[PDB]
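Enquirer: Now for the letters of each chain:
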Amino acid sequence: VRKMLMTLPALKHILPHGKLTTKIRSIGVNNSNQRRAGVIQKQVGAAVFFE
Amino acid sequence: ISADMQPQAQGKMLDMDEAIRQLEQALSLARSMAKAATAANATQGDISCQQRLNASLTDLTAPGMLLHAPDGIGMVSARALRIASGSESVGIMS
Amino acid sequence: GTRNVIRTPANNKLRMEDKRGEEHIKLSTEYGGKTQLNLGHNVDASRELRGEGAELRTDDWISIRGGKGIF
Amino acid sequence: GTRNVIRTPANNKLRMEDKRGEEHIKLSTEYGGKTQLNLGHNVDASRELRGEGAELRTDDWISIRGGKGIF
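Residue numbers (UniProt numbering), protein chains in the order written: chain E, 358 to 408; chain R, 562 to 655; chain Z, 491 to 561; chain U, 491 to 561.
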């Protein structure tokens, strides 16, 4: 969607005046069951951000 | 807690198709009567919380208690009985 | 194979699945549908999860009698 | 002494305490918190009494399903 927005003619002139990135987040998941299986888990969220 | 048969344990642990029909049907009745109360300028019941209860109890997506029995439930005691909702409504649908 | 079973010819079972993260205990008898107490990662005959937690299960009656109170 | 345990490597256990006057049975699996059925003189890890009677116990769902009725 970030590449779509850089292609998007709607924001054609707005984006060059700020920073268009993909923010990535990752927090720890408490899953006690998967811990016993040796599987530690993370929740990764990503969106297109504009500063 | 269910008096519904799941023969030979064929099905999910929490198959509550008839419990869900009972919840859907009660909220459906509560909601039609809430429209009737507005048309009649009566005080309206709390559909909001009975609507979350359907959400919570359906497949027990929130830690609630669903008692279903296809042939009737009796809650009897020689002593006092209390049905109490601490922060929300009690709904007796029939 | 991570699954201990005490099984009798009448298919009275005490099965303990040791598969880590998917452990369960099944206590099952054939009488009354299947009268079972399933604990943990409850799987069906296909070993597909049919529920997590404790299931007291029967096609007959269930009686839960506590002489001092039920919580 | 006074404890017969059928404990599997996944800590699915059938523990039977024979201490007279303090007998209990613990059927516990690790899945879902500790999904246990505790019967009798129920004690904690410190062997201190935490309850008397039957406890069907889980951190997941409980399902009690009797096709002919629940009492």
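Just so you know, these hints were derived from the structure itself, not from any lab. A hint or two may mislead.
[Unchecked claim] Here are some, though not all, of the chain R residues that point toward chain U, as calculated from beta-carbon distances under 7 Å:
1. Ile562
2. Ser563
3. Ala564
4. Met566
5. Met574
6. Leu575
7. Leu621
[As the list claims (entries may be wrong)] Residues on chain U that point at chain R, a partial pick, calculated with CB under 7 Å:
8. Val533
9. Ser553
10. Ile554
11. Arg555
12. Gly556
13. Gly557
Backbone N, C-alpha and C define an ideal beta-carbon position, used for all residues, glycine too.
Enquirer: So, for every hint listed, does it hold in this structure?
Expert: Against the structure, the hints come out as follows:
no.: 1; hint: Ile562; verdict: 5 Å, holds
no.: 2; hint: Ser563; verdict: 5 Å, holds
no.: 3; hint: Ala564; verdict: 5 Å, holds
no.: 4; hint: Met566; verdict: 3 Å, holds
no.: 5; hint: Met574; verdict: 5 Å, holds
no.: 6; hint: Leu575; verdict: 6 Å, holds
no.: 7; hint: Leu621; verdict: 6 Å, holds
no.: 8; hint: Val533; verdict: 26 Å, violated
no.: 9; hint: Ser553; verdict: 5 Å, holds
no.: 10; hint: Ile554; verdict: 5 Å, holds
no.: 11; hint: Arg555; verdict: 5 Å, holds
no.: 12; hint: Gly556; verdict: 6 Å, holds
no.: 13; hint: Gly557; verdict: 3 Å, holds
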